[PDB]
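Student: Each chain is listed here by its residues.
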Amino acid sequence: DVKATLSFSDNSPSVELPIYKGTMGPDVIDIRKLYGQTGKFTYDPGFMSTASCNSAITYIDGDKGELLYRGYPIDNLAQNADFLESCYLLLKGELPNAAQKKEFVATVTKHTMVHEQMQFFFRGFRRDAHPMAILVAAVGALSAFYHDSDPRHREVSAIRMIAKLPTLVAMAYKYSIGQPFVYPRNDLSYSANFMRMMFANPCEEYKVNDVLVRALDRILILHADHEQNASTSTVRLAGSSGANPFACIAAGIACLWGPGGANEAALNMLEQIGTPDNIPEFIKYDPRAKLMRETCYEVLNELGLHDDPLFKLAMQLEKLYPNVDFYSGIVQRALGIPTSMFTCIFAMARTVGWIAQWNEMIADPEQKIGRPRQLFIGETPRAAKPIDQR
Amino acid sequence: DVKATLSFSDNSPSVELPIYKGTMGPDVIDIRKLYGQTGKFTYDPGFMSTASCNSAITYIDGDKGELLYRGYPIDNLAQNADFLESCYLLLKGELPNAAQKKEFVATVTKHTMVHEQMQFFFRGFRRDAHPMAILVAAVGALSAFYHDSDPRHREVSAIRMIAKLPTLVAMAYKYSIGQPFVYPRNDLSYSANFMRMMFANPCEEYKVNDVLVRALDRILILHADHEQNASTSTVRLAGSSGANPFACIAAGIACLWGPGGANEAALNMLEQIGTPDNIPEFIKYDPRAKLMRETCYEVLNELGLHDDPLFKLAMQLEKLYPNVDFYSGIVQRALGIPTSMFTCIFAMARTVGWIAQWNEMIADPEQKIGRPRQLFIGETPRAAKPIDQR
Amino acid sequence: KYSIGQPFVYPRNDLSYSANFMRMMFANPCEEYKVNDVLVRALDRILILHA
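Taken in sequence, the protein lines are chains U, H and G. Numbered by full-length UniProt numbering, the letters in the first sequence go through residues 5 to 153, 158 to 267, 270 to 294, 316 to 350, 363 to 433 in order. Numbered by full-length UniProt numbering, the letters in the second sequence go through residues 5 to 153, 158 to 267, 270 to 294, 316 to 350, 363 to 433 in order. Numbering of the third sequence is given in full-length UniProt numbering, commencing with residue 182 and proceeding in unit increments.
Hints may be right or wrong, so weigh each one.
[Said to hold, decoys possible] Anything over 12 Å on all C-beta distances counts as not near chain U; from chain H, calculated:
1. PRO192
2. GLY284
3. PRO286
4. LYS294
5. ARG324
6. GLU329
7. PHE342
8. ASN366
[Unchecked claim] List time: in silico DMTMM-like cross-link candidates among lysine to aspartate or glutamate, alpha-carbon distance up to 20 Å:
9. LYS114/U <-> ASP195/G
10. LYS215/G <-> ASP195/U
11. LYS428/H <-> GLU98/U
Source of the hints: derived by calculation from the structure; they are not laboratory data. The beta-carbon is built from N, C-alpha and C at its ideal position, and this holds for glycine as well.
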């Protein structure tokens with residue numbers, strides 16, 4: 005790649021550092037041979053100025069308001085594809101045709117069921133345990149229940169995680185409220201099946217609402233991947249050591265757990283407010320925002336929640364633009380999803396991204412185990428005393 | 005800190021980068037304001053030239069053969085302290101006196117037991133499941149069974169993990185071989201208690217061998233921490249997002265899992283060989320090596336294994364110096380520890396290091412969520428087609 | 182069902198002997214089980230010939 009840079013010092017000799025250009029975004033400065041020429045490291049807490057890798061999965065530009073999966077703008081993609089199409093895209097690099105989608109959906113459908121032993125495994129959890137705690141433990145236990153899976161095995165594990173994640177998420181919810189597990193349906197779509205596994209009770213037939221299904225499906229698309237981040241880099245970092253894909257994704261969701271989330275934080279704000287707002291206002316571009324706004328509109332109108340306390344959110348909408368997290372929190376609450384499940388939904392959507400990032404890291408010819416450095420500011424060499432002298 | 009550096013280019017303007025010196029080791033070059041001045045990132049796959057943080061826990065210099073916990077050389081420390089003293093050191097920053105150790109050991113002892121519900125939880129696992137898979141899932145399930153735990161809570165979680173890790177490890181072993189769990193003993197030391205929970209059968213009283221106990225205890229000390237690495241940085245990375253300590257350690261052990271380990275690789279080599287060696291030789316500094324050599328000597332002599340097939344290892348010792368991984372694999376095999384448990388033992392020792400690294404990351408005033416960058420080499424912006432057109 | 186990790190399937194009073202067995206064997210909780218009479222008669226004959 006073109007151009008080069010020079011790193012000069014006061015007394016120490018200088019060094020020449022190669023510069024690589026990408027298809028999109030900032031140029032990168034190669035420092036792979038920095039320490040082996042200067043005897044010095046770079047200092048970058050959080051790696052916010054350090055490119056960990058080269059990727060082809062997702063490009064993001066906050067200033068230009070750009071978010072693209074494999075070259076497709078997020079809003080344009082969502083208007084021409086559902087979630088499983090977006091999964092196929094992130095994994096394969098291209099959007100699927102009619103035949104390719106049919107085969108892919110069929111493969112996912114055939115692996116949605118969770119082994120009965122792993123269902124029994126859930127009964128070991130405390131009944132007062134939080135769903136997210138259950139989910140993290142469940143995903144981290146996938147290796148113990150599915151150890152039969158070389159490039160084909162990486163495909164099997166990928167399909168198994170994508171297919172079983174909604175089932176595991178719904179199982180965590182059902183267990184936390186003391187309701188029996190609901191088995192998936194082959195004739196239902198991805199998001200429709202999840203909605204049923206979540207809310208179908210054995211007392212009545214579950215009526216699938218397409219407006220709610222499309223709403224959930226769009227939320228999943230818009231959170232499928234977010235290039236390099238805390239959880240994604242954790243997946244890549246753990247994978248660089250040669251850990252199995254199940255464990256790496258488990259490491260990712262553990263990181264995604266955090267303290270609540272962005273969706274919950276916005277929703278908790280609205281729940282602390284009535285219709286006024288008047289005293290609260292006195293106390294006081317996103318490509319996905321437009322689509323989620325339309326989604327939030329359709330859901331509230333479909334459910335006839337135009338007269339409910341959620342009107343305060345629609346009023347604050349008109350009266363610092365409302366982000367995707369604002370609408371998502373409203374929609375999920377409208378779908379009957381508890382705030383305790385919000386992070387679970389997040390992990391469910393981000394899982395395909397993690398797998399794609401993991402696959403790319405593995406396939407990378409420069410795949411070496413991650414070994415970050417440090418600046419030692421601790422004790423100088425000292426001598427240990429026999430404990431009776433301390 | 006003293007000195008500064010200049011980053012020059014061909015056409016683009018130059019930038020001044022501050023340089024910080026540590027108490028030991030290489031200087032670091034501050035690039036926290038690089039992207040906000042040049043519009044460029046650094047390229048460093050594996051972060052092998054990037055200091056992720058400043059630390060006071062462990063310093064390592066391979067060329068000078070240096071490995072120090074809080075300023076104490078690893079060999080000098082091990083000759084004047086046991087494992088729990090080394091744990092106290094890594095966590096508190098100082099070696100404990102008689103009174104401080106007594107209180108610390110008592111605290112660990114009181115938390116060694118695993119809740120019966122979590123014992124029942126193990127019964128959900130398949131009987132053909134590998135111990136490591138069970139352990140990773142178990143550690144990842146700690147949040148679901150211990151959710152009652158601000159600076160005191162971080163101490164409770166630290167003690168709970170250190171105390172219960174040997175119990176969980178031994179439970180995984182016992183479950184994999186179909187033997188009942190063995191409860192800890194308050195009158196036994198850390199390593200003695202682990203050896204008993206591992207090998208005590210309900211058919212006879214377990215005789216504790218001090219030679220074997222000291223051997224295991226030294227192995228734990230020498231693997232307590234290894235500054236920044238794949239698993240440790242994973243713990244720090246996941247922790248930067250605000251994930252609970254249980255989850256971060258679970259994320260760490262998931263990374264430590266890998267493909270087997272170094273100890274197993276060396277042992278598998280010896281098992282493929284007889285006393286000659288003669289045909290194998292024809293086919294063909317570490318501060319910890321000296322201590323482990325003495326340890327390996329004492330163990331083999333104590334167990335009278337001087338005439339066994341392990342003599343091939345002692346013969347290869349005399350006939363590229365034998366590292367710590369060489370002796371450790373021999374000792375653990377002599378202790379009756381299966382190769383399937385080797386990584387479990389590794390995680391058991393490294394856990395205290397992970398906690399120390401996590402504590403330091405949390406206490407750090409520069410604690411921000413990790414956000415590594417990337418070099419995008421993917422698709423340029425394109426337009427999605429309706430699926431019937433694809 | 183136990184060997185493949187699928188839940189047990191309860192019998193049906195309106196189904197014949199061999200039809201009921203085929204369902205208890207292959208009916209999954211993800212879709213309604215379609216009973217094929219050709220397959221049922223086939224299984225039923227096998228049972229007769231090995232009674």
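Student: Hints first: check each against the structure and report whether it holds.
Tutor: To see whether the hints hold, each was checked on the structure:
The Cβ of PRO192/H sits about 21 Å from the closest Cβ of chain U, beyond the 12 Å cut-off, so the non-interface label holds. Listed as a non-interface residue, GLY284/H keeps its Cβ farther than 12 Å from every Cβ of chain U; the least gap is roughly 31 Å. The beta carbon of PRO286/H is kept farther than 12 Å from every beta carbon of chain U, the shortest such distance being approximately 33 Å. Distance check on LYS294/H: its Cβ is at least 25 Å (rounded) from any Cβ of chain U, clearing the 12 Å threshold; non-interface status holds.
At roughly 20 Å from the closest C-beta of chain U, the C-beta of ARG324/H stays outside 12 Å, upholding its exclusion from the interface. Every CB of chain U is more than 12 Å from the CB of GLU329/H (nearest about 21 Å), matching its label as outside the interface. No beta-carbon of chain U is positioned within 12 Å of the beta-carbon of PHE342/H; the least distance is around 33 Å. Every beta carbon of chain U lies more than 12 Å from that of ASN366/H, the smallest distance being close to 18 Å; the non-interface claim holds.
About 29 Å separates the Cα atoms of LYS114/U and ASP195/G, which puts this hinted pair outside 20 Å; it is violated. The straight-line distance between the Cα atoms of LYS215/G and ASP195/U is roughly 14 Å, inside the 20 Å bound, and the hint therefore holds. A distance of roughly 11 Å separates the Cα atoms of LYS428/H and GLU98/U; the hinted pair therefore holds under the 20 Å criterion.
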